[PDB]
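What follows is a single chain, given as structure tokens, in the form deposited in one PDB entry.
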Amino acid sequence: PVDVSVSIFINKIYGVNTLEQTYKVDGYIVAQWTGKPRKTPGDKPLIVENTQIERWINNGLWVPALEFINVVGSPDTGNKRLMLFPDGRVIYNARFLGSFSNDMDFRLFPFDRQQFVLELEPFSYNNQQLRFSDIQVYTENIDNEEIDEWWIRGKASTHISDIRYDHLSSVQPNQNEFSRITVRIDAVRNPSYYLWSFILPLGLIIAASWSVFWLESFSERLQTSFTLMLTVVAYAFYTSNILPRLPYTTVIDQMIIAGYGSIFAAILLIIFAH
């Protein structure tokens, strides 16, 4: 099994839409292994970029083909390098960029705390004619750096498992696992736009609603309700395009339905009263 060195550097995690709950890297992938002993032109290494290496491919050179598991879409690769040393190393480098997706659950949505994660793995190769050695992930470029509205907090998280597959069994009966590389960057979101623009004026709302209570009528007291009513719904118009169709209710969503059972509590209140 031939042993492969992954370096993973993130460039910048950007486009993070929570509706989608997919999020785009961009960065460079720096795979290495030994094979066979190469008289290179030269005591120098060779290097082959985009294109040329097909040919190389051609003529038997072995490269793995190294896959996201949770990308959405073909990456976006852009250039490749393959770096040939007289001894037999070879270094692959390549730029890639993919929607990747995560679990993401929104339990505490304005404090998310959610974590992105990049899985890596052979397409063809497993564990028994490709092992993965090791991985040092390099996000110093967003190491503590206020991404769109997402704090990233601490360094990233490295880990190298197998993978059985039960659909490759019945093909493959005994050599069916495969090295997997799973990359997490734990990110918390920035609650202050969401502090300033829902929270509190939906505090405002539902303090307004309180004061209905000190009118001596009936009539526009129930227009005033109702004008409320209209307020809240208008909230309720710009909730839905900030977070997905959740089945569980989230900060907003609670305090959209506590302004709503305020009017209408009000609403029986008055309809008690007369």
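For clarity, a rigid core is taken as the largest C-alpha set superposing within 1.5 Å between two forms. Residue numbers count along the first chain shown, from 1. First, how it differs from the form deposited in another entry.
Once the core is superposed between the two forms, every option in 70, 50, 32, 240 stays below 2 Å in C-alpha shift except 240. Superposed on the core, the two forms barely differ at residue 163: its CA moves less than 2 Å between the two forms. A displacement of 2 angstroms or greater separates the C-alpha positions of residue 144 between the two forms, with the rigid core held in common.
Superposed on the core, the two forms differ at residue 218: its CA moves 2 Å or more between the two forms.
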Second form
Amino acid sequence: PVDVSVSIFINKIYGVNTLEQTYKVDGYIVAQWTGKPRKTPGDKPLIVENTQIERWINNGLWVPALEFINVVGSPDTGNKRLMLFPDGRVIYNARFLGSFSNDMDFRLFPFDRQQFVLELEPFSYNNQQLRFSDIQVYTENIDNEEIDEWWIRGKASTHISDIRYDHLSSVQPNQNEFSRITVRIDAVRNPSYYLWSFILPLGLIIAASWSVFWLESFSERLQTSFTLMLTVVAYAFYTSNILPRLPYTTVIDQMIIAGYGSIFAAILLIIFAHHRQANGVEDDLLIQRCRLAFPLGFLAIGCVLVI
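Moving from the form deposited in one PDB entry, what structure would you give for the form deposited in another entry?
So it's only the chain below, everything else dropped.
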């Protein structure tokens, strides 16, 4: 089979959609193979830029369309180039911008550690007609962490494997295995904006909700706890307008639920404290001394559910 060497350059990885489970990758792909020799004008290799390639495909020149398995729709190919050396080898250099899918589990949202995967495969030619020799992925486009939503860690893990298709065994006798390239670029989400802007205000608001037990009146405690509940419902907005709309719950959503439950349990506790009286003569001194026990128990529960 024709041996094709792929070299993929990643200019950037942006546009991470979480409900769509996609991400936008821009870059270049170079596919170099060999064939029959040809007579170029002079000894120099011949350059066939975009458009003019299709004239050569009409003439009978073999250029395989290496598709992306995990891309969503047709990628926006920009300029494509075909370099034809006189000795017989062809280089196909195409610039792409595509929207690619992955698994992308987004639990532990501010501290996400995921990988962006590019799966390249010939659209038509199996391992008996086209075979990928090696891939080098030059993702040199990695930089500082200070201005980076995602920090790319390490290099890109490249794998060349063979995928066996079950449906093609009906139409093909025994040649139905396609050469596939999997490229995995591991990234870690930047948590500092979420840690400073969403976690610490939640801690401050939940502690201020704990502080309702330091009032010396029952009706003041209920009205204060309702003001605190109104404060919580509002934080939910702030986050839900900014955090991604993934289809499950995260650490921040769970802390929101925990603050809801804290305020509701405080309301139940102060109502039970006021109406524990058998004849309305006993005060609220003993169980109202949960000023430093209820926050401790709630923090223990939170430590349980986080880990």
